[PDB]
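**Student:** Chain by chain, the residues:
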Amino acid sequence: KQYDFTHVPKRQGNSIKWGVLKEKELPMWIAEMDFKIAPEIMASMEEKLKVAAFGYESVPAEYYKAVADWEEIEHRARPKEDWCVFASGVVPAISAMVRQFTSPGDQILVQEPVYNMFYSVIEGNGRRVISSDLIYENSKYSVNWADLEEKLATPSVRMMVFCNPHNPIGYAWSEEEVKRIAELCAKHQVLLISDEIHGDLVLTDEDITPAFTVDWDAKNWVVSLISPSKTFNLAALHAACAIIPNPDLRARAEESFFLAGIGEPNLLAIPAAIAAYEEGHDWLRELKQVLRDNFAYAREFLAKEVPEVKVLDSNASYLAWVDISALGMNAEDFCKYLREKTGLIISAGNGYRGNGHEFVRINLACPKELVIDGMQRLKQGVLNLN
Amino acid sequence: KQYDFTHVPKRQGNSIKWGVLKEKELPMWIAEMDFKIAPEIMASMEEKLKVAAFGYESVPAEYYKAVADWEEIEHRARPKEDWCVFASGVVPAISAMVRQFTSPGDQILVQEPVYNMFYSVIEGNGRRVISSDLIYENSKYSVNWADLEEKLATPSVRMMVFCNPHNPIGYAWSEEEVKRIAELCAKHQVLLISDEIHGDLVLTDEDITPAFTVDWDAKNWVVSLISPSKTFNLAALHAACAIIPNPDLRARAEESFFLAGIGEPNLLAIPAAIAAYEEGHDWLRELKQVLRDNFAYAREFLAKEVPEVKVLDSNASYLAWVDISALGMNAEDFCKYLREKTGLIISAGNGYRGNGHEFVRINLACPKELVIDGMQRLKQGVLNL
Ligand SMILES: [Ca+2]
Ligand SMILES: [Ca+2]
Ligand SMILES: [Cl-]
Ligand SMILES: [Cl-]
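These protein sequence lines map, in sequence, to chains A and B.
Take 16 as the starting number for the first sequence in my numbering and just add one per residue.
Take -18 as the starting number for the second sequence in my numbering and just add one per residue.
One chain only, chain A, in its complex shape:
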């Protein structure tokens, strides 16, 4: 390989993932990777530090050009650069747009189970979550299209937060799916906020369909949100981008980002994001193969060794979604037991709502040696359930 995917980066003491651990505990919960970032990103960060003065920065045209170039090359989906607006994070941009584009008490639609932060930003802002729950049958999730449309058609339903690809299930929607969702939203005058943060991590020979690509009959109703954070192991960089084709919505979102204090870059966001999006292609290619290898190992190991659990077929993300229903234990209980008995720390599905209490989420973006250790621990934990 061209890059290092074998050694775990040594963190400083205030790391969430690696701080405040007990001896020999193995964290596989929170969505950050245990790989070094692309050295091309590191080089840009080092060069920027050498300025040795960190005053106010603008977002340059080159930022948006980088975003468009990356989407073109990786997804054959080139947005117009004028559509693009810097924000310091995806979830903060969602929070700002909740406040700008809905009123207190309004309902915002999601598809449960889904990323727990969506509930926080909706409910924390005094909006109300409504779900069109994903249907779970024969170990796969699907949409109830009539139920989704009925809910979208509700007067008080004003926005849809769409996870594309969908976390935690790891599903990159088909083109026809994304188009149908956009069409339904536009039809019912519902803003479609498409959170595309996992969009570079499709592991099959498929690709995402960014919301911004939909036909002009619906394109004015959509916002696509992307960031290098998940793709490149840069949660703390605080660089993201909203892609908003409608100019009036775009102006208003931009104002909302400035109000929230999320519209101006920190001292690294610009050079580091530009380096990721212009020079990170090769590193990503290699990462995807490391991830495929890890998922293949996990799937084979659990199928053969722990038939009590079922790793869902998923096509995107570095997070495995594992049906633990056959164990007959609430996931929160199971994960607490597992950590106590084995030191393995994985995420309980409960906070994703939907049917999440029957699932655990396992982060596989780590060296193979850590995956092996974790699988062994998970097995021992299930075996010891007596």
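Worth double-checking, as some hints may not be accurate.
Unchecked claim - Listed next, the in silico DSSO-like pairs over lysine-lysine satisfying Cα-Cα at most 27 Å (straight line): (1) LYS349/B x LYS360/B; (2) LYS25/A x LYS31/B; (3) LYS3/B x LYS63/A; (4) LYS95/A x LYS202/A; (5) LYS80/A x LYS349/B.
Keep in mind the hints are simulated off the structure, nothing from the lab.
Here the structure of chain A is known, so what remains is to put chain B with the ligands in place on it, guided by the hints.
**Tutor:** Just chain B with the ligands now, with coordinates in the frame of chain A:
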């Protein structure tokens, strides 16, 4: 000198201060310095980059300890470490608190002329600015205390955004003034948001009185906002700290920061702020020597060579507030003219409201040679009018 106050940092192309300038142009407008940062802070940033993976960060106890040690050493005012809450920036924290601690339509009190971004975050959020204007007489500003109180006691006036020290005028309020303002707010059930971002830049023997030092029960109505950003030339670091003695108000503020997306540090904020506040004392000491020398030169030069303008007396900040009323030109017009004629770029007072249309603001946090150049350009501008 132990540290470098003579070379201007060479910026990348997206710098606001230096970014789009004509050859020859001399920017002395926006409040960032033309000095390299303390090497101790650079060292901490370099060390952090070694991690080469930048996942999620907590705020360590060491961060609050650093803040408290800094305040103790530099201001003789140690906060309890428990009072402290990280935020990604002072203005963004003010914005969050406007939304959490007031309702749409409420009035938020300032003292004009004052930092223009206070108006943006009040009005943008759908609150209404109200001012108790600072009275300008005999080349000095003062407070109209009866007017201030009348406004604070108005039912719809819910918060005061208090600039301590006051930008753009450069005034570090006395202990008695800060205590009085806090009392007035508390008595009238108004939250005092004390923006203390210029507090480490008092250039006289005077020192700031942080709002968190006021006696109980007024103390339960105050929030002190600090940051290494102005002190250390770190605006883009996005590290700040709210100091909030009232535990319930503090928890609510923290919640508001997370809700807005400004509660989580970026991948440099923690080590860099810790370095600044633990190891930055000697650099700051030397900086104040250079700033005093710069101000002394500007005052001497303008008194002798440009009697048509008047630099107001100020005890804090690296920004000079200069009365240009004798020129008989709106400040915005004069600054445009000045830039065209001489290439000097200074801030028109208009945007600070109050009586700012009669003033210009000049940033003196640059090498002495740039100050000498800029003062000469100013002279050239004024005399050629
Ligand atoms: Ca193929
Ligand atoms: Ca076996
Ligand atoms: Cl709207
Ligand atoms: Cl309140």
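**Student:** Confirm or reject each hint.
**Tutor:** Evaluation of the provided hints:
{"no.": "1", "hint": "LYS349/B x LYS360/B", "verdict": "17 Å, holds"}
{"no.": "2", "hint": "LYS25/A x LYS31/B", "verdict": "9 Å, holds"}
{"no.": "3", "hint": "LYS3/B x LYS63/A", "verdict": "23 Å, holds"}
{"no.": "4", "hint": "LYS95/A x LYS202/A", "verdict": "24 Å, holds"}
{"no.": "5", "hint": "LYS80/A x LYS349/B", "verdict": "39 Å, violated"}
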